[PDB]
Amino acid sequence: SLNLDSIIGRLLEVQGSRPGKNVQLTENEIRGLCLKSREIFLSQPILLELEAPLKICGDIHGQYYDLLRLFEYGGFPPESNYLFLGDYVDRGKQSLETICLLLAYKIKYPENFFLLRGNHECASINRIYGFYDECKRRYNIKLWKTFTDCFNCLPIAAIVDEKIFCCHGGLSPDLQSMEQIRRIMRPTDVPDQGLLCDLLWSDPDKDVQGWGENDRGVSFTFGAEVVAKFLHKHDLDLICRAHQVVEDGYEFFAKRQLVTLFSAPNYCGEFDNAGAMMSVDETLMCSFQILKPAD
């Protein structure tokens, strides 16, 4: 009983409209988006095994019109396949339009559109950084808890053609076998520590040898050698993650063995950074499409 095409059409119609018009779906349409996408998250693996070609995107943080630009330039679904690395809500002005369009595309193209969990897809975080206030202002508290129950079922990591490992944060000192990821039961909250936490919170640091304490107060940092030994132990070529703003939208680490993606340009009007999107073709040749305001 979900009119998915009508939802998507109303979401896409505000393209090219100055100023930033809202798309106010109905409470029941958003609840349908949450419950139908939730079923698809649980029926698909928590550790997604994907095949090229696809485009991989970093943080959005409710910058909805930047999300529309990513689709305009990368190809609206299903002209292209997509994997998002989390942090869809908070800080931005239009988290609701952002997550609703993403959940809608997830339902419409369930095996060509994929969404991973970021550390902001967590009730104890997005209660504070904006999403809850947006849900309360434009809808009600009950809908926010409906989103939380949906977010608690998002997949955690993806591996593209057995060579590109993808997650929001980074590596974990408690990650020896990929089976440890596949064993995490959903739905679940994000714990304050451990493998699931580290996958959504940790960062690479060029100045640490091995594992170090993260300035965020949560999880750890890892160095260039941790990345090399991880790639060698699991026969991987590249680690693709987000979770950190980078001025050119993408940023390599440890001799192109890890890349950080950030897809929200001019991050909430506080940075003059670009937004990037990594295209990988069927031969796993990876390039970057960069989105930047003209100057």
Given for the second form:
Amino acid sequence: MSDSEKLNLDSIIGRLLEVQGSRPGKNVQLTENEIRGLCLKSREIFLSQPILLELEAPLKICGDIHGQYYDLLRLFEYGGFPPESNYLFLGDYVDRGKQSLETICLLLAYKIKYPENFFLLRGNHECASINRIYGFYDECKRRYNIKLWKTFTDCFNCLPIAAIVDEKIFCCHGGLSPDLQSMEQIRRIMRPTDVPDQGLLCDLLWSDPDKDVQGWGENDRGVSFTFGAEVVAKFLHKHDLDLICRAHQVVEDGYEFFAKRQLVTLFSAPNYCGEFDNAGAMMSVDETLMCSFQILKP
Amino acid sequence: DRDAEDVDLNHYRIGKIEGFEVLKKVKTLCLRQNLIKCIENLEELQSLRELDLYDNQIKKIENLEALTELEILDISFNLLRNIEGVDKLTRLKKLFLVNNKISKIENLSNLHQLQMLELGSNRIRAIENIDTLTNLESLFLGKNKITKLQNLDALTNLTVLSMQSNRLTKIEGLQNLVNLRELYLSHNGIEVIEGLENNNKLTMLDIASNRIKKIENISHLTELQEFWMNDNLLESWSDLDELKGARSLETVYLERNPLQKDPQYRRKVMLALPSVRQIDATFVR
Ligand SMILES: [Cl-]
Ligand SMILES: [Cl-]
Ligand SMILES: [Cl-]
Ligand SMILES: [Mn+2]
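Same protein, different form: I have the form deposited without its partner chain, so give me the form solved in complex with its partner chain.
Now the complete complex, all chains and molecules, led by this one.
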């Protein structure tokens, strides 16, 4: 990385952080070239790193953001703005509202500045189509152009899909897959790629744990499947793991446990959608693999 | 609550539009991300030009007849199921009904000043009743259930057309879109490129994620700058000669095609298209 690009990167981060604590609705306007530069440079970093991340503590694991940029700035207040802390996000950075651009541009800016201390996984909202998601595509063509959205899809196609923290915590957006027997299957997935409608990559971003299902059941989303509690236990024993860390679903207190606290669902976007008054959570992992949970109030 | 031109009440957890008549010179009212469940006391805000109800719980469009000067109406990401209550807004120039539950296009016959119509992410199944919108510059119908392109002949002023993520199977009905400059038909079921003879002003053509197997019938699109054809079935390298007439072409997407299996994929494109500076996601050296 050049030093002239470092100072331009510091300018982007500074302008994105000037609205900290302001009105939840104020926007930061970056030039189209600066946003594209964030997409292209971070795309090279995503491809230069494994599609299955192998991370080490300490780091803080956050859930869904859903374009709530002012709740992202709150996460960095509780946990510490980089590089004060290492971060791992579990996808779904863009959605409704008109702040999904500032959300993804700040995360990509931190990814470029701290490539080995800041990590982003791929959620089901980081797809390359508008078959199911339309909010982010609507925001791009509206503040800029449709081509800028196409550049984001190029960057989204290179995002990693799963992460293993200290060989004990398996992290992904959706959950387990009926086609996931060895971790090499995840590394075997080549990038860039669009999220398919079926297979290993699809279930890693769409599956959900269910309490009333034994084995693999149909998902009410119409995509992927749902897995039961006993499926999680055999996955942890087979691969010698201690915890599955996922997101995708909304939970009231920001985190919820499944299969006798062998799986946790992290949701870091408080007050999601309308009147459902959920909170945000952030799981910290220290050097001895001890998990603490910080809660953010809506 | 002051008396200025702009009033911005986003994420204020407001559940009722109560007591807004105090504004004497309000021109833009922003009520995004609230608990508003019905449109109510907006009558005395006659001087209103922009109304933004982005992401609320509105189920019915109503009580908007007094705003005869309204130009921009945004009721996106709500619970709307039918189009109504917009017949009095004669000077509407922008209408946003994004991500609702609208099933058909209707009650838009009086909007003679509309330049932009956003009906994306709905349940629309047919293109209907837009024959009176002769001043439309942009029509967004992405993410729906439309099966056939039709009833577009009156939109001679249309410049941008987005039909992504629908159920189309053949390109047609663009015979009178002579001023069309951007066309997006990605993620459909189109199998052949045809019906673009009258659209010479095209600068953007997106037909990715379809079932196209040969590049034909675009020799006359000399103004092409962007051509997105990823996720198709292109097999013949000789088809790229159809695009040699576009000397301002800067970007081509051809990845995840049978042509990308060639060990010299990125070189044969920039040799056949020397004007292109971006192949797929990366730039040309
Ligand atoms: Cl790149
Ligand atoms: Cl780093
Ligand atoms: Cl293994
Ligand atoms: Mn999700």
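Residue numbers count along the first chain shown, from 1. Rigid core here is just the name for the largest C-alpha set that superposes within 1.5 Å across the two forms.
- In the core-aligned comparison between the two forms, the C-alpha of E270 is the only one from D248, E51, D235, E270 that shifts by 2 Å or more.
- After superposition on the rigid core, displacement of the C-alpha of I125 between the two forms amounts to 2 Å or more.
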